[PDB]
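Only one chain is given next, in structure tokens, and it is the form deposited without the partner chain.
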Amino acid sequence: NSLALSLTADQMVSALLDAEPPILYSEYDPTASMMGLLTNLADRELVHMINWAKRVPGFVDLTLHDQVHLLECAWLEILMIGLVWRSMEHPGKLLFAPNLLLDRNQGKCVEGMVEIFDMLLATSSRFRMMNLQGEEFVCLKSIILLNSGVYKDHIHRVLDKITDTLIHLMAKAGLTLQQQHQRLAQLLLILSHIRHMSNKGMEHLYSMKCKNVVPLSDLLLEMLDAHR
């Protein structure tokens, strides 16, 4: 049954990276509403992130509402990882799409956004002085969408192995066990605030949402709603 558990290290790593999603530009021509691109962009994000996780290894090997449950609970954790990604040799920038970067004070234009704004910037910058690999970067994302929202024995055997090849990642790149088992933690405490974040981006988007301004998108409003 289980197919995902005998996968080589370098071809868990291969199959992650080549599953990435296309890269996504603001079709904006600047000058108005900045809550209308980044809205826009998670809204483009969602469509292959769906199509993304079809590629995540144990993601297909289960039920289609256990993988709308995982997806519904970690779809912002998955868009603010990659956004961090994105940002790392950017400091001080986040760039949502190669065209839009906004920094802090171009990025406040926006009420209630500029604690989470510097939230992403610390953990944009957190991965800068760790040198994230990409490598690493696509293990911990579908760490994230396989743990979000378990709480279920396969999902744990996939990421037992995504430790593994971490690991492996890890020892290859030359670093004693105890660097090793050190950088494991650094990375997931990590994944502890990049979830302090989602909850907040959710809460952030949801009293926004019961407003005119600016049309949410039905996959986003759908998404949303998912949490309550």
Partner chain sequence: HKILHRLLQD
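Residue numbers count along the first chain shown, from 1. For clarity, a rigid core is taken as the largest C-alpha set superposing within 1.5 Å between two forms. First, how it differs from the form deposited with the partner chain bound.
Of the residues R128, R157, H90, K108, exactly one exceeds or equals a 2 Å C-alpha shift between the two forms once the rigid core is aligned, and that residue is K108.
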Given for the second form:
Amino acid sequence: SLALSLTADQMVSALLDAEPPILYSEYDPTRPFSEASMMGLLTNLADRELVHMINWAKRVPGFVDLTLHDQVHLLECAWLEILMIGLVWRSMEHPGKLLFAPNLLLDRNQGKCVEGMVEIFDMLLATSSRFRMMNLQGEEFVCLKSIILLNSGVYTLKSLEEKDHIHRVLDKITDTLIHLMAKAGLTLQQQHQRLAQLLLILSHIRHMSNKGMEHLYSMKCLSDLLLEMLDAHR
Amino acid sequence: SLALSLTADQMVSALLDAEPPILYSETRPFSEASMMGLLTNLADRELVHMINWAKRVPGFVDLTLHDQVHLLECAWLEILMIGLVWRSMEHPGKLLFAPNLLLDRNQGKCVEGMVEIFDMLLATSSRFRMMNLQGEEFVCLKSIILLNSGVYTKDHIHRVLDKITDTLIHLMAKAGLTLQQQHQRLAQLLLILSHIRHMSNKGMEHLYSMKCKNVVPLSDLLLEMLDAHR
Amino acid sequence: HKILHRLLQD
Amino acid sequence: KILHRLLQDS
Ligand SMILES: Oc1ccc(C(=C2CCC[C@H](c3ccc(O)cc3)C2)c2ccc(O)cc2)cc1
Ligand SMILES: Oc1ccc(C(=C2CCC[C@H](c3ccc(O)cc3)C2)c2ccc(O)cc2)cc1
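Which structure goes with the form deposited with the partner chain bound, now that we have seen the form deposited without the partner chain?
In what comes next, the whole complex appears, and the chain from above leads the way.
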């Protein structure tokens, strides 16, 4: 594995290079909104984002070393978390608003147009406000996003060795996070504290994904890929 | 807030002192009814201890009553599960719900949706034993779950959470870990909290389903804690 | 109204 | 699965 040999700076460079682009929605302000229209817009956007996410994952150091079945499992598990932390990152500069796309900026009032959406919106807004107050850096964001990919499905016959490899790469990304914070001039106490703060947010991103997922495969109760990603969570 | 004035050892001793006891179950459970009968009865009694435990978590009483309610409502199953995982460490492939209630995954098949969560709990337990999770670390993690899991709906909880982080590091340094091992171990522990959240979420989803609530009569308290998630 | 409200009181 | 396929596409 090359991932275990990369320096902290090389890991950052790799993750930054691997970043997916920001896509546009089909949003037309001159067109009337509705529950179906709003959900169709977000679904359409998520679906196109997934394709880029899959290719992004291929460029996350250590991911390609895994079996194909494991790669599938990790992405099935983490895809909504990854979409959500991306959404939250883009939305940092827009307090009280969610920036799904450069042409799609929504506030929580428009969240009430879909059943159960306003609850997820508030949680996303809270997360965004947290990132903003912490002054989350782009280098930190790409580390967190890669952690989510590798961590979210590591639990859930040797392949214990495969689990071990994931744990090793996760330690590497931790080292990288610390490296960035030390580079930033934080004291050791401040480094550990900030590291903890960032990782605790991942628990909130997990919660938001699970709650969102719960509502999402009840909405249908969508493209084929997205339908299969949703179905993986039953 | 008294929580912040505490030293690291004081924080540790306070958490150890706040620890609830390991309870016994009220007959090897198979079938849906007997399993859920035993689990809900135990969960209900544990909840009463958990509530009084939370009061003795430094910083928690400094919060308004409504905030205390919100955090407990959010975190209760997470807290039950990390406790379960902790008790089950020395029993690989098995879950020690009580000293007189030791289950394997084969009995999880009796209940719809249990086996998947059973396996996740087993994996988390195995992970903790592989890390050689210590009691002092465990009580820090449980307190973090309480304070973090509903914190993003504040500056006080932030500072207390920072203090518990300081306490975790203090323990690891006490154990003789290098600076690199400290931040690596800190990360490993906190990442597991994400899986505990996941297990709680997927668990809660089945537990408050109308189908699941019909299996056995529930206590009013357990019902309110379940309905808190909606 | 909630049971939790009562139990949280000493 | 489509995800399986897209992961294979070298
Ligand atoms: O099929 C879908 C629909 C919406 C989303 C989605 C979200 C976020 C906002 C809330 C939403 C939701 C939650 C509960 C509901 O009942 C309805 C919608 C999901 C999303 C997240 C990130 C991103 O870049 C693009 C889309 C992803 C996939
Ligand atoms: O109302 C309930 C029912 C069960 C639990 C419970 C569990 C754990 C095992 C699985 C269970 C579950 C989840 C989904 C299902 O479809 C079936 C069973 C939840 C539990 C966890 C820890 C503890 O100390 C005491 C009880 C807590 C409160």
